[PDB]
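Take this structure first; my questions come after.
The excerpt is restricted to a subset of chains, each kept in its original location.
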Amino acid sequence: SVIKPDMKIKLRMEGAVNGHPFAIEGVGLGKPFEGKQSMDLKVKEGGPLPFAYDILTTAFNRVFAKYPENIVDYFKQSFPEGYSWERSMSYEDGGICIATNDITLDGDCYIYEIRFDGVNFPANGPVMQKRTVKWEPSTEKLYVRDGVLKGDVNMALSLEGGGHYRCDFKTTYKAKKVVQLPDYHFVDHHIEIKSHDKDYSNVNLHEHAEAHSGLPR
Amino acid sequence: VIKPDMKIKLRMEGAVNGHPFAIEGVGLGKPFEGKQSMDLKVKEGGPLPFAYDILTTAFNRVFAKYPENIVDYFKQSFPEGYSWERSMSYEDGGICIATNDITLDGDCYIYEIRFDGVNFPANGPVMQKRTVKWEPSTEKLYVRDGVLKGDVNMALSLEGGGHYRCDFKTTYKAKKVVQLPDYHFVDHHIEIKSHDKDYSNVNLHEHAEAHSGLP
Amino acid sequence: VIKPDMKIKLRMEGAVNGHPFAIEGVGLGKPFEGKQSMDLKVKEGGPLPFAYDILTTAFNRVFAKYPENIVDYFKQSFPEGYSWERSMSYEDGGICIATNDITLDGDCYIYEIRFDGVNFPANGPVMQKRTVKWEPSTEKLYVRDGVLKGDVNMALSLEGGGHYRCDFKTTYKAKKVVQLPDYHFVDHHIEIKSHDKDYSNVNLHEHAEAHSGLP
């Protein structure tokens, strides 16, 4: 439809962590039906970021997930109008981020307007001390609630010198028009920073995602 | 630098469920009486589509009556000032976080506030504007990592009865080294004294007093 | 059926991290003064391998001084009595839940208590016995679904400084229809007044008073 095998992405994120503001812009491309995407991100304000870049990366579109034909695709159906999402990310040490993304479509380019805010990260914690390595792969659980789509996922950051730092995501996705609602399902994800410069002013980010129905029977 | 009568000026920028807004306010308070009041005007995003009550505690613990026997982290922090960060986790999964950077210009406190909220259910009391007021509360304050924490069980009274619970966790950070208090309490009571129909204009009042709980 | 001096008898059975134990206790209290005390003996599973403090608030809100202007859900509930259920969620992921079924025999309250806790980290303050005492607290009470709820931000003082936070959520259920109170508070202060080396024997005291917060 309005969706093509190769799509472009443009974004601006504005935000703050522990009261310190920053802004990031990004350009990328993705393959909606392969569930793969990548982009280049540049910090424009507030650099160099004094916190772990990893907390931001999942804020940078479930349109980029490979949906089998037997699972309703809330996201691909929502276009050209698009959809928005809201997310809380609650870290096990009391750090908490919340983010929004309003996703629109211009030609073959998705446009993100993102807001990201985080508070209560301990000064000596892995986020403020930049001790994170990457997010582990994950499996998001998606279900309908109040006529919109919810997605929850147990996330974990691998830490420098071993161990994990846990975060629970609760996302609400809201199509901008009426679409068919899916049954309970899953999306496996794996997000990776493929490259970055020393202070993360420049980051090349990649994600691979595939929908499924879990173990049979 | 702390006078019995002080002025207040603030600007809040924020968003609730992705919907941006901005509010400015002017007020006065009596730091030693633990009382303050202000007038707030919505400047952008009005008429606000969510319960104004969720915003009100974001609109300064310097306005709390501290007894002599309890260290006052807040009054000590001036003229440099202090900042706070707050999570406000509601029982239905709605969640707000806010920050306030507080500085002092003459006899006027200046607030720069950011407020963000997500995951409020469309049929919940916040988006449906079914709140009446916050109940009075007692905040529990304790030192952690060289800064001051304050946690409080909050409750909104609901139209036609019952309550809607919210857990506050605040971190307060003096901009200079100050003496740190022992575990203590602050009783609060915040009230919208008047407002126009869609809350474009709101007169807000708070009264707060520190104590050490049961002997 | 409520006398100025009342007796108490209890048995608690429980487990912490899969390790079972049992404790019995005898005491006396003054319902109208909001004071009580008791002596507790570990009968099984001793010496307890976890901080005794996590148990103590499980060991009756009838022992709270209620002003005339606040409905007393608890004193009304007798002679039939009431039960409570409680979750106690600690900041490091440790979590306890407890129940108490309270009946009255003559001038003696009888408690049947179940206490269970899991997920306490081996190097955390509970398994390492690094707690000193609970701080005083203010519980917030409100009606929900025709029964009484009580939530409280609790904190344990830690050996060598700092605090370890726990969130209590309690549901109280009268065994007969009683008049329901308006939103209110109960201040608390619980203290182990004495104990032997491994807490096989503990003398415990609590003082509690209801109020309506800042006017």
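When the chains are written out, they are named A, B and C in that same order, and each has its own residue count from 1.
One rule holds for everything that comes next: a residue touches a chain if its C-beta (ideal position, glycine included) is under 8 Å from a C-beta of that chain, and two chains touch if they have at least 3 such contacts.
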For this file the homomeric complex, of which 3 subunits appear, totals 4
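The definition used in the following text is that only the chains that are shown with their structure count from here on.
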Within the complex, chain B is touched by chain C residues 135-138, 140, 142-144, 151-153, 155, 157, 162-163, 165, 167, 183, 185, 187-189, 207-209, 212-215
Given the complex, residues on chain A that touch chain B span 16, 18-19, 84, 86-88, 94, 96, 98-100, 102, 115, 117-120, 122-124, 146, 148, 170, 172
